[PDB]
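There are 8 protein chains.
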Amino acid sequence: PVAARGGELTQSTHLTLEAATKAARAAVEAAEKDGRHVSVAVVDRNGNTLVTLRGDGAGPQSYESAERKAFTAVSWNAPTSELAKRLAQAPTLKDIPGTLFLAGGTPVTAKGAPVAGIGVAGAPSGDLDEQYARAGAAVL
Amino acid sequence: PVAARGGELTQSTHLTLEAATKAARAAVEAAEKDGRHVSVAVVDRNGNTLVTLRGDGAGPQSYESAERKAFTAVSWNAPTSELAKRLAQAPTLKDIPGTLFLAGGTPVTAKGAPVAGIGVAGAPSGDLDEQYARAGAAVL
Amino acid sequence: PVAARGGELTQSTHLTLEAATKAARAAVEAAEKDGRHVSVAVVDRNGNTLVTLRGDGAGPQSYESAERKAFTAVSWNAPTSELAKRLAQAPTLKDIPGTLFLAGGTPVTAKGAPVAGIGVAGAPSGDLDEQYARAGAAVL
Amino acid sequence: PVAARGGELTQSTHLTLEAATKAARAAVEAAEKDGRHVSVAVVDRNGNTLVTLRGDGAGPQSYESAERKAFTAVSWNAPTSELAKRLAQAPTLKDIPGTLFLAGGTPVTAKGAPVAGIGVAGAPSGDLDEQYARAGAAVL
Amino acid sequence: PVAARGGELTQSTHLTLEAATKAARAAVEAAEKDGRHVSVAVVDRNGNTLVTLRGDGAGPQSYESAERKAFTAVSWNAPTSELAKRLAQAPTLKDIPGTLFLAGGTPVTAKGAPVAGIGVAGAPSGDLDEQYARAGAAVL
Amino acid sequence: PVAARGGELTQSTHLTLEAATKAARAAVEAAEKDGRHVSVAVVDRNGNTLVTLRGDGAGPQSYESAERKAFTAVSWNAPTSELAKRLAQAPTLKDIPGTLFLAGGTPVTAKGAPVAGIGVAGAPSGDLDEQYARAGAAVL
Amino acid sequence: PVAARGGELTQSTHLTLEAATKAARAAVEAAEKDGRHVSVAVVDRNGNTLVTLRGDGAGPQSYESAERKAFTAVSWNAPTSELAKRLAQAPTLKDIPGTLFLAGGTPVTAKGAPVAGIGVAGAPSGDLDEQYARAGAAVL
Amino acid sequence: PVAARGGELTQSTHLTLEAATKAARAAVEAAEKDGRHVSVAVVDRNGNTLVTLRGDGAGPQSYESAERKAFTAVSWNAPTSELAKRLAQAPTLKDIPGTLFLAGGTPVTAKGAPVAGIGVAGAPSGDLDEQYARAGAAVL
Ligand SMILES: [Fe+3]
Ligand SMILES: [Fe+3]
Ligand SMILES: [Fe+3]
Ligand SMILES: [Fe+3]
Ligand SMILES: [Fe+3]
Ligand SMILES: [Fe+3]
Ligand SMILES: [Fe+3]
Ligand SMILES: [Fe+3]
Ligand SMILES: [Fe+3]
Ligand SMILES: [Fe+3]
Numbered sequence: 015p016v017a018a019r020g021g022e023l024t025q026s027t028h029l030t031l032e033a034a035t036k037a038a039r040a041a042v043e044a045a046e047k048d049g050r051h052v053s054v055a056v057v058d059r060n061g062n063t064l065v066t067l068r069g070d071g072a073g074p075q076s077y078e079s080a081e082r083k084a085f086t087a088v089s090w091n092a093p094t095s096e097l098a099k100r101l102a103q104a105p106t107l108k109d110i111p112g113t114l115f116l117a118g119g120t121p122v123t124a125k126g127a128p129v130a131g132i133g134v135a136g137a138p139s140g141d142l143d144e145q146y147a148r149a150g151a152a153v154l
Numbered sequence: 015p016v017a018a019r020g021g022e023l024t025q026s027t028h029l030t031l032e033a034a035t036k037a038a039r040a041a042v043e044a045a046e047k048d049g050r051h052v053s054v055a056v057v058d059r060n061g062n063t064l065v066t067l068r069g070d071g072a073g074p075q076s077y078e079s080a081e082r083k084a085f086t087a088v089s090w091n092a093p094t095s096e097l098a099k100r101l102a103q104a105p106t107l108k109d110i111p112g113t114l115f116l117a118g119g120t121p122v123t124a125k126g127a128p129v130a131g132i133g134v135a136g137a138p139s140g141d142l143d144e145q146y147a148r149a150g151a152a153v154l
Numbered sequence: 015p016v017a018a019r020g021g022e023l024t025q026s027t028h029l030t031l032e033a034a035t036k037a038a039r040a041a042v043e044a045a046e047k048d049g050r051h052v053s054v055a056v057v058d059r060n061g062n063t064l065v066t067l068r069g070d071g072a073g074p075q076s077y078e079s080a081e082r083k084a085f086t087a088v089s090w091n092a093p094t095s096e097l098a099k100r101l102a103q104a105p106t107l108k109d110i111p112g113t114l115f116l117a118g119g120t121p122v123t124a125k126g127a128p129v130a131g132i133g134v135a136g137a138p139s140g141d142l143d144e145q146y147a148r149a150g151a152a153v154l
Numbered sequence: 015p016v017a018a019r020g021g022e023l024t025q026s027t028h029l030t031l032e033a034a035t036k037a038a039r040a041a042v043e044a045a046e047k048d049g050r051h052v053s054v055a056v057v058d059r060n061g062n063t064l065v066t067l068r069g070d071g072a073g074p075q076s077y078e079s080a081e082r083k084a085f086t087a088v089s090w091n092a093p094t095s096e097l098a099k100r101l102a103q104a105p106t107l108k109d110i111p112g113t114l115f116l117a118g119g120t121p122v123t124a125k126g127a128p129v130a131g132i133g134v135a136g137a138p139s140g141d142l143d144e145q146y147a148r149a150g151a152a153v154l
Numbered sequence: 015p016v017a018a019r020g021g022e023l024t025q026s027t028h029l030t031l032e033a034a035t036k037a038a039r040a041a042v043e044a045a046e047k048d049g050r051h052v053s054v055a056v057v058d059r060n061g062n063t064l065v066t067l068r069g070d071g072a073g074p075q076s077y078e079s080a081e082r083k084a085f086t087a088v089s090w091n092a093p094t095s096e097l098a099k100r101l102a103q104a105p106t107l108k109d110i111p112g113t114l115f116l117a118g119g120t121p122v123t124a125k126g127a128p129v130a131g132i133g134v135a136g137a138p139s140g141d142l143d144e145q146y147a148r149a150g151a152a153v154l
Numbered sequence: 015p016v017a018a019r020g021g022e023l024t025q026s027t028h029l030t031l032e033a034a035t036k037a038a039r040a041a042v043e044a045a046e047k048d049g050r051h052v053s054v055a056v057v058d059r060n061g062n063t064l065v066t067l068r069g070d071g072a073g074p075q076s077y078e079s080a081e082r083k084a085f086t087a088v089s090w091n092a093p094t095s096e097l098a099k100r101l102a103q104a105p106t107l108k109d110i111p112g113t114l115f116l117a118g119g120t121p122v123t124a125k126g127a128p129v130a131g132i133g134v135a136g137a138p139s140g141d142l143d144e145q146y147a148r149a150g151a152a153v154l
Numbered sequence: 015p016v017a018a019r020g021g022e023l024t025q026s027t028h029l030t031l032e033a034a035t036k037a038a039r040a041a042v043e044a045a046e047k048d049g050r051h052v053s054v055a056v057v058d059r060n061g062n063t064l065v066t067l068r069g070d071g072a073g074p075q076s077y078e079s080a081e082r083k084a085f086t087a088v089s090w091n092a093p094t095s096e097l098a099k100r101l102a103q104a105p106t107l108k109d110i111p112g113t114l115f116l117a118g119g120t121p122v123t124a125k126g127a128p129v130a131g132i133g134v135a136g137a138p139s140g141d142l143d144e145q146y147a148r149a150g151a152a153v154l
Numbered sequence: 015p016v017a018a019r020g021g022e023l024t025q026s027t028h029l030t031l032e033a034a035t036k037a038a039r040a041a042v043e044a045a046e047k048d049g050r051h052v053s054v055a056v057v058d059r060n061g062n063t064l065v066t067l068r069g070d071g072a073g074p075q076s077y078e079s080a081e082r083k084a085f086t087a088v089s090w091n092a093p094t095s096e097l098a099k100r101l102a103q104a105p106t107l108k109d110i111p112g113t114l115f116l117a118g119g120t121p122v123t124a125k126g127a128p129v130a131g132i133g134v135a136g137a138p139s140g141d142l143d144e145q146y147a148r149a150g151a152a153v154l
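Protein chains in written order, with the deposited numbering: chain A, 15 to 154; chain B, 15 to 154; chain C, 15 to 154; chain D, 15 to 154; chain E, 15 to 154; chain F, 15 to 154; chain G, 15 to 154; chain H, 15 to 154.
Keep in mind that a hint or two might mislead.
Among chain A residues calculated to face chain C with C-beta under 8 Å, some are [said to hold, decoys possible]:
| no. | residue |
| --- | --- |
| 1 | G73 |
| 2 | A92 |
| 3 | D141 |
Quick look at which bits of chain C chain E covers, simulated, 3 or more residues with Cβ under 8 Å [to be verified]:
| no. | segment |
| --- | --- |
| 4 | 48 to 59 |
| 5 | 67 to 74 |
No wet-lab data here; the hints were simulated from the structure. Every residue gets a Cβ at the ideal spot worked out from N, C-alpha and C, and that includes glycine.
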């Protein structure tokens, strides 16, 4: 390996696995408290899934749904509930690969920049999903 | 967005787009000097493609080949020529998704840790591909 | 293998292959009685296909259509005819991977919880598809 | 929904999300103690991923590698280190979709039957990966 | 091999390769006469592509577009121009895998039953595409 | 629709859904008699899956394995146990998409020509899988 | 190899890698001047990606978005901002594989015929993306 | 559209659709003369399929097999029978995406450079497949 240096290098910021896990677990716990069955994903700004947790009894569609919501939230640094509303004036946003413009994903930032998204799916409504996503973010 | 802080955060190091582009271009130029027609990819340690360049006249198999070689080199922090030899004692390494254990990818490090791979494909041999990959890394 | 125990374990409920097959066959028979040509799928709540049957003369689009309808019905524990109507107020539900919000899938429960979906496709209308799906469920 | 009953129903056994998470976390912790950077997956016998955790600094190939190892271990109820050796007399086992016959996955049972696999990838050898997988299973 | 017999067997009807080729070529020729650049596909009722022809200068999106139109036409035994209009009252028809509800595919029958679809893409409008598809069918 | 006629048409022969189902069920029953847990697929010579049945307790890898074995057997009109042995002198046969050169698939013919393959997976050996596949074919 | 000749041959025109790279780099530079973080792709009329550049800090959805926009622009020889408006009277255009009908892709021609598309994604609006795409084309 | 000029442009050479079709048809005819049932593909050096023809009675694996052989032959400008032999000293060549290192593909050149590959599959041996591929090339 050549070693790069130095004006050739840049840094990015991430949740640690420990922090992403804590947040994911908090979202599951919040759903469980309410008798809901959800899957939860935490996705890095660099578009990698860091944590997934499939709740007991969660619907089989919820796992990928949670992942895509998280990816979508971190991509636009916005809750997916709000992003869904953007489809009114830009309906083809939802044609972008890997996205899901449906309430339940919320971003997490560091220094004003998005670093992760937390996505939840499996509750009876996207708005409830997003409540639990926010509960996961809240522990950070 | 919740803002994370701070023991909850970690940093990683990357080539800038400028540096990845310079390296990719150098690999193409080295092949072109020799009358070779190659594709070149630079892939981050976080497994994202940063740059691709498809050489004039490069075979159609070369584009994905270059990408996979780069990914493989950065995953193991080793030239793919050497990694290919590991298949003698661990033949199922090559079953790992997204990999290509074939000469032509080389890693680039920062602070001793892998940060990118440069992959080249399209020359008459993997060893020549890897020569041009090293020529790209050499400018960093 | 470590053996897990015991507060660490939970149970889920499923149709037996025998029951899923009986239901699938009944849906085909109901379509055949009417001179219709359908494919039928039974999909578990855990999102696995348990049975598929491709009717003689069924259109080539019907096989995957039936599978996706079944998956969709068991995911929301609701007939897909009704789920399709939810798209009026949540249009991006249909962006969830693996789903098909089109009449012809119906859920089957045990103890109040969804355990399988039966999906039918290939009839001249989704409503007819769903008639045959219900005929399959009816034998359980 | 028709409600099924009763000779038409069967039960299966699973790790709870709580147990799968505890095991995954233990595998990560064991790797971290040794200064290793791994991804960990827990996959149910019904072939669904229940938990994934991407270690800080883990190679980008490790995430899918861990998932596939877990799936492979639970499919044959055997450590993937041993399964790899079966390729000597059945070399096309590795052509089965979704599999990875490479040390690092280990099964977990309940009542003598496989219920989950734990897969680890990212250490310098499959044998080390499998050490950490066993450390995760050990807490169950 | 066991040999099946006989109440266990059924027959289906197909275009010969010779006939499918003649039709595809006629569609290309009709487009070429008009200075249009199209791709053409003939897809069997059993959902297999029998012939593809990529016109000189045809857009890169046209090849798969033609295939999907042909598949869609033979699946519903109707021109895709008409099928597109069905989306007004069944908008999720277009979520069925492998389909394209866009003018340019037309069915071919034998004994009243659909046996193939011919699909064309690459002209300035779907209606023109479908003109050339009909020109291909017309030689049968 | 243009109607084709007549030197433009050819016929092919198939198992009826009824026959394919009978055979699949017989293979499952033979495995169940022995306390084995298998998936079974019947695939037409035209490469379409006609029937799948997932046995109670069958490993999650078995479903696709059974499908691919059936496809492979009907493609070469030979048991996959024998086809696997061909890899000695043509090792890249197994690189052909959709194939699985592993004991457990067996062909069924009509008029000397292959019309279907029956594939079984999930038993402790491919040879046992193929025993149950033959038991399914035997009822035809 | 047989050598073809000569009425059997035709020529097509392309951007050189050098030109495609210059254009891609100009689009990135234009975004960077404005403090925007984008990915840029140049896609040939024959539907191959020639260059990709992932901007520092660009969202993870931007890379594929840029590629698809470029492909879409070169397929119809029109800016994707305008193509998006065509969805009003042909809504299923967007069902064509590989496309993205969202502002940010612009075509480049030679002799009146499209030879490449330049696509940009990652800015706060498609219209801004398309500004930077035009800035890349402008250097040619 | 910006119009590019001129040191920014390069040309490539291709078979016309007419020539590719003539060659494909000749390969089918040669197989048919011998009572063989094959699929045939012609793939451009730029990696696009130009023509496919599925022979009456051809195995379902033959269609993709023919396509991949053609792609492989044009990528290395060599018959796939010879390329297969290269696997002895570079066994991971076959891990390159989209390839099939199995006799039956042959290249076609213009001005010494590869412009297309013709691939055939479905005969009882790769060597016979390649005979028919050569018969198709021979008419050019
Ligand atoms: Fe509730
Ligand atoms: Fe040379
Ligand atoms: Fe091998
Ligand atoms: Fe009818
Ligand atoms: Fe829509
Ligand atoms: Fe170490
Ligand atoms: Fe025109
Ligand atoms: Fe046993
Ligand atoms: Fe801004
Ligand atoms: Fe013969």
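To see whether the hints hold, each was checked on the structure:
no.: 1; hint: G73; result: holds, 4 Å
no.: 2; hint: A92; result: violated, 15 Å
no.: 3; hint: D141; result: violated, 10 Å
no.: 4; hint: 48 to 59; result: violated (count 0)
no.: 5; hint: 67 to 74; result: holds (count 4)
Hints 2, 3, 4 from the list above are not met by this structure, while the remaining hints are.
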